[PDB]
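Only one chain is given next, in structure tokens, and it is the form deposited without biotinyl-5-AMP (BT5).
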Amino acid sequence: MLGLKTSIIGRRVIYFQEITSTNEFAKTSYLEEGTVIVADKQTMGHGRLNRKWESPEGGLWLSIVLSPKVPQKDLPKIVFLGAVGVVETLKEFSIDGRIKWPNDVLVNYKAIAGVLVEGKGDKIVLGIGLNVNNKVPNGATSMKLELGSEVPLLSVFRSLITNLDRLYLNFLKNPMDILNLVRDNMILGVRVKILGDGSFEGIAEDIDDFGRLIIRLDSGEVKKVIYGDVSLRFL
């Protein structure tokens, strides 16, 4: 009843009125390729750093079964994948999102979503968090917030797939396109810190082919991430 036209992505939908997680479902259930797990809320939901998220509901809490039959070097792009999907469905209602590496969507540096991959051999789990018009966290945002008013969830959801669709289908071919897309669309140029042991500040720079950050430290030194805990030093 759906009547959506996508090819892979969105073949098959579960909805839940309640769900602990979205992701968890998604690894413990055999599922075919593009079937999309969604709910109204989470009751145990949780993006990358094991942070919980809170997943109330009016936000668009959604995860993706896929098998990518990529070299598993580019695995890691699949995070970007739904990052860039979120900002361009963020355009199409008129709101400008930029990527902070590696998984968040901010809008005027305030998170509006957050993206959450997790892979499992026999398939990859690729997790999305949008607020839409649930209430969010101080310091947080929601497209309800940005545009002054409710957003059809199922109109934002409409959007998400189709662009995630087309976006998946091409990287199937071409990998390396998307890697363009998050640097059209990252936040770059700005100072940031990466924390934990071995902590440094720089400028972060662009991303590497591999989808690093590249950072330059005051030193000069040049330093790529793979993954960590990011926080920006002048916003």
The other form holds:
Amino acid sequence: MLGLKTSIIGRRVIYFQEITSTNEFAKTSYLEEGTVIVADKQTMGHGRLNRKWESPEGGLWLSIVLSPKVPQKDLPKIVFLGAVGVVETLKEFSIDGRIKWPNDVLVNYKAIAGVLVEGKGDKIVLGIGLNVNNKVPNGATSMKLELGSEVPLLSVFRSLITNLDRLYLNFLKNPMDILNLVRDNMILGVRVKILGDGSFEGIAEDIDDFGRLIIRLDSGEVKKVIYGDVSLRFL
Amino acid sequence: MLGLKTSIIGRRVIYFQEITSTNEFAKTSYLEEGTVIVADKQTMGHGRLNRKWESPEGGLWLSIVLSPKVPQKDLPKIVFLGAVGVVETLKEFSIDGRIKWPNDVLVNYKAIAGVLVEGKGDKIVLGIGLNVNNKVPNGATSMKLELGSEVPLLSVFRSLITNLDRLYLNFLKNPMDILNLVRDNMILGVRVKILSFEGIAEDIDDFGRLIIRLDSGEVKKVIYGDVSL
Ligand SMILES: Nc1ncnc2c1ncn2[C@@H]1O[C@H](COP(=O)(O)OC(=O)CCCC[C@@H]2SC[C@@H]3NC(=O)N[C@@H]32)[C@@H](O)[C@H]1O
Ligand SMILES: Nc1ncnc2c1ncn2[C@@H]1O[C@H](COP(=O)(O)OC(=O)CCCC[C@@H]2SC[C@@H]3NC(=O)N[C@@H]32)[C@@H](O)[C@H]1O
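Swap state to the form solved in complex with biotinyl-5-AMP (BT5) from the form deposited without biotinyl-5-AMP (BT5):
In what comes next, the whole complex appears, and the chain from above leads the way.
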């Protein structure tokens, strides 16, 4: 009855009034590629390293089952599909979302959405959390807070699913194409602190042909950052 | 993202752009009670006796998983829950639907919806097909044809699900109530043909059986079958 016209993402949608985590459900259950798992609220939503992701009613909490037939070295770019998808949807609603490498979307430097990809090969789960009309943690923001009015959640869902479907289809044909879109919508040219085994500061210059963040330290040394167990902070 | 506020029916909804049959999927898959299966279109939609139910885009084709711990004798009233639910939804949209025993809803004697209940031991599947904006077979009608304008399918879905949830919750407590709502909303006092024999459809009894008075004065009770008006 939703009348979705997408080719892959959204062929099937499983909705929950409440769930522990859409990513956990998606990873665990036997689901066809393109299946979208969405819930009004999550009781155990999570980000990277089991950090908690607040998921109250009013927001868009979903996961998408993917089985991308592309080289293993390209799988790390899946997170960008989610980030760009969110950015395109925000722009459709006249909200200036910008990417904080490699999985967050900010509006005026305040987090409005986060992406979490989990997947060991042939089954990849793309999780996306976007604050729409829900209350948010201090320092974060939402579409409602940005526009000054409630936003039809279903409309945001339709927009995002349509964008992701298109982005995914092109990714299957040309895995490298997404990098250009990320670059055009990413926060760059500013000082950042990279936190991992130790830490360093520098100018976030660009992302390379693999999606690695290129940082120029004051010494002139160039470091290529692989996203994994590393966080980025603005100075 | 649908923000459904129902208690049982609609706690979960599985949507398909296309499916063979929502009833078949519901029967062969393990689903929690209240799970709603809905699809834009069915390729093998069916009615009674494996009859085909046309299910093109534009209509509401769904199935609901139920597991009511009520007496076996009450299970035959589940079909009425679906029928009355449809009637209530139609009224919300200013349409007067009338039930044709035991599973059809008519508007000015033209079929606008059909109900199909199937019990699989570990669950009961309540299937409902309602013509909204889709093309319908000759002799049938739809909400669009009755109102003269496209009707938001999601609005109809929300309305029907809310009505069914309320009907079902009460049914679990007062199984008898549904019959009275059915009597108040079904086509009676008219001559019908049961398949055969003809007579006046007088009413439904405490078991939901159609009571027919033949011209001889004989009274027959129908448990199941097709009714031609
Ligand atoms: N609602 C919210 N809005 C903005 N920031 C939030 C937030 N809730 C938590 N945060 C902050 O963001 C951090 C998490 O950031 P990370 O970059 O690691 O992690 C993320 O940004 C990924 C979040 C992915 C969420 C979706 S919801 C659908 C699916 N089901 C799940 O269980 N997860 C996925 C936390 O440590 C908080 O400080
Ligand atoms: N779209 C339509 N609108 C009105 N009448 C139709 C119709 N499609 C077929 N018919 C006629 O209605 C008859 C079927 O009548 P019956 O009384 O036996 O059967 C019914 O009236 C029950 C139909 C139940 C349909 C739903 S769709 C969701 C779920 N998934 C399924 O596969 N089934 C359920 C056919 O023999 C046709 O003559």
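The term rigid core refers to the maximal set of C-alpha atoms that superpose within 1.5 Å between the two forms. Numbering follows the first chain given and starts at 1.
Candidate set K91, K135, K120, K73; criterion, C-alpha shift of 2 Å or more between these two forms after rigid-core fit; matching residue, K120.
Taking 2 Å as the criterion, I8 does not count as shifted between these two forms: its C-alpha moves by less than this amount when the rigid core is aligned. Relative to the superposed rigid core, the position of the CA of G198 differs between these two forms by 2 Å or more.
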